[PDB]
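The chain below stands alone, shown as structure tokens; this is the form deposited in one PDB entry.
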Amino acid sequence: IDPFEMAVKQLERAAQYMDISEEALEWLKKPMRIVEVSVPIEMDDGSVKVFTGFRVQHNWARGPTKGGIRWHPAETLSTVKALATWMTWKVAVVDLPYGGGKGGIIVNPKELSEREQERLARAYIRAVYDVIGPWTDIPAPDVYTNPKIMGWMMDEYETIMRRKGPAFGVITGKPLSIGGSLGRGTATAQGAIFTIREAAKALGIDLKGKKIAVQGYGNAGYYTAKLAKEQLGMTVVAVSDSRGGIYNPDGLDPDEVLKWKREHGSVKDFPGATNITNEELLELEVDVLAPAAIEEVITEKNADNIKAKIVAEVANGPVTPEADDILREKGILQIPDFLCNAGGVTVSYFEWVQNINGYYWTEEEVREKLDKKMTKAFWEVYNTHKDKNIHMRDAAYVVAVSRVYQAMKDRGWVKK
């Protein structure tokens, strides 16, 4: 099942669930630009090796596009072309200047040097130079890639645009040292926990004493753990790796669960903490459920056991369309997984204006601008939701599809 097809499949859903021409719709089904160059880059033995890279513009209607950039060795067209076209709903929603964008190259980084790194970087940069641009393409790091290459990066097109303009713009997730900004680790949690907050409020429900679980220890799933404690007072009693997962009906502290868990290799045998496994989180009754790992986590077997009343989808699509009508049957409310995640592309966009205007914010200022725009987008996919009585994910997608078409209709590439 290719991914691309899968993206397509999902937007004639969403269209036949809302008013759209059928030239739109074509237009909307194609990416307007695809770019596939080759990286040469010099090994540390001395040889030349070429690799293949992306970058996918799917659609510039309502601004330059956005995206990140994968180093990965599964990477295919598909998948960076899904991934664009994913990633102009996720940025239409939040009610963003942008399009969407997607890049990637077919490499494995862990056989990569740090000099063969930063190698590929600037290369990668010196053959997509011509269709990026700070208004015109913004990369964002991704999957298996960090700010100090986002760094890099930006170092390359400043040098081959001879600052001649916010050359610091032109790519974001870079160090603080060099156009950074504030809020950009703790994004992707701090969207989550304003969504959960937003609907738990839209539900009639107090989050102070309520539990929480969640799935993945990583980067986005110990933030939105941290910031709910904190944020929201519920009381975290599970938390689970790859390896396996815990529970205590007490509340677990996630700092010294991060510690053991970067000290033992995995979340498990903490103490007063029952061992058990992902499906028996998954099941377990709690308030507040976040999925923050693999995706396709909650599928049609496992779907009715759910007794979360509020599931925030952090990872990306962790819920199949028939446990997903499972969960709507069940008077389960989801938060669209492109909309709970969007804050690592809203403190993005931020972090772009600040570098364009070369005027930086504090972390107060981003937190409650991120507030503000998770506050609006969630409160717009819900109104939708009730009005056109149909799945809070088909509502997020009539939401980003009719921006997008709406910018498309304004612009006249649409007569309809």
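Only the largest set of C-alpha atoms that superpose within 1.5 Å between the two forms is called the rigid core. Residue numbers count along the first chain shown, from 1. Compared with the form deposited in another entry:
Superposing the rigid core between the two forms leaves a single residue from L83, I138, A228, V94 with a C-alpha shift of at least 2 Å: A228. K261 shows a C-alpha shift of 2 Å or greater between the two forms [criterion: core-superposed Cα displacement of 2 Å]. In the core-superposed comparison between the two forms, the C-alpha atom of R122 has shifted by less than 2 angstroms. Once you line up the core between the two forms, the Cα of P318 ends up 2 Å or more from where it was.
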Second form
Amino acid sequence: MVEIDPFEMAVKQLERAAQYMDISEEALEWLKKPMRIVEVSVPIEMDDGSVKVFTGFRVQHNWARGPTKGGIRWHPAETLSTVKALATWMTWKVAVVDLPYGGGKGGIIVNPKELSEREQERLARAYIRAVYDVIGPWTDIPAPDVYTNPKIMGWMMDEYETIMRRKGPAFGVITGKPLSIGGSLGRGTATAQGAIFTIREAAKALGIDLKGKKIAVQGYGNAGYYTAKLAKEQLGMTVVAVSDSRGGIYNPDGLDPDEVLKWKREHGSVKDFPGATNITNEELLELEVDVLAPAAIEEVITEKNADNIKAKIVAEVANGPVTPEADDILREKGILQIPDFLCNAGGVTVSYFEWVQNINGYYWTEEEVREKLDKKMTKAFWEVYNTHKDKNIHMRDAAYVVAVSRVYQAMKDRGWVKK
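For comparison with the form deposited in one PDB entry, produce the structure of the form deposited in another entry.
Since only the chain itself is given, any partners or molecules it might have are not part of what comes next.
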């Protein structure tokens, strides 16, 4: 259902942004192709006793800066191109906030809503058994993503530890784990906290007081719900509309995120929430708000609605929710955009913190994680902002100049590319 191919779009963005920097042709060709792709068959036993084979992908795009990092997406509409694009974005995501990581991603073409608990556990364990040879605490560190949660992360960690015979830091093979089995404090609200920090910095740059303003959030998952909650709590914002895959609810007077979450859990969706009006995702994206945070499937803003966006700041919590064309239209409209791999870099940052805690065997507190995350996100955002201001270019491009250059430097320090 995607407007354009995700990997093609990602490559187009990379070229469009490399047009504003000095990079050799060979380095560009290296960066336009994932470094390793592994397609595996994942066989599991269903509840009725039959054996079903799913398709799994583990794509690492580059590991010049360090071990690759990226979540695992469970999605019926997933394609290898989507995983390649996500790994490519992961690379820039970890480069922009200066982490010793490369870019990676994983996925399974499956509808998890049709799978039971035992089937989900079997699927996670079989995926680990399939991709064990390309993952590790120093090779490839998976994490939670769309339709995956810390539960599945703990199952995957247990399977990896069983295969690995407890020879090294198995806890560090995967992030977003439960706190009991080597989890990190603040990882649950990581991406939301990073998005909130970036929104606050953007408002500071734009000279806008966020108290009493309006935020519309698309998607009510681990990122969308926590983003709405933190915006209502920390920034003093008024959440006027939320949504999920079945539709959204809008309220001019504001919504309480906890009640909406309870209604969603007790009914399966946020639709027909009391005191709110049912709308579509297309209608929510077009609402008159001060901040719009897409936290759902990619490619939600295209030439079919780019001119209808009326938000002062668009916080791309999701991975690649805006097309380059739509980026040009929004920039022509004077709308500030927080780039996708900079806005939601808080999640990968706290995942890096969890990995450090796991490999060192020493765990931090909430305050330390909160301070380090704030420091990293503020530095990265201000670097990207000053970059886009000095060169008079789009935000997305500027972050690329901040990110790709670092990656480029790594290759020149490894001898991968001579020029």
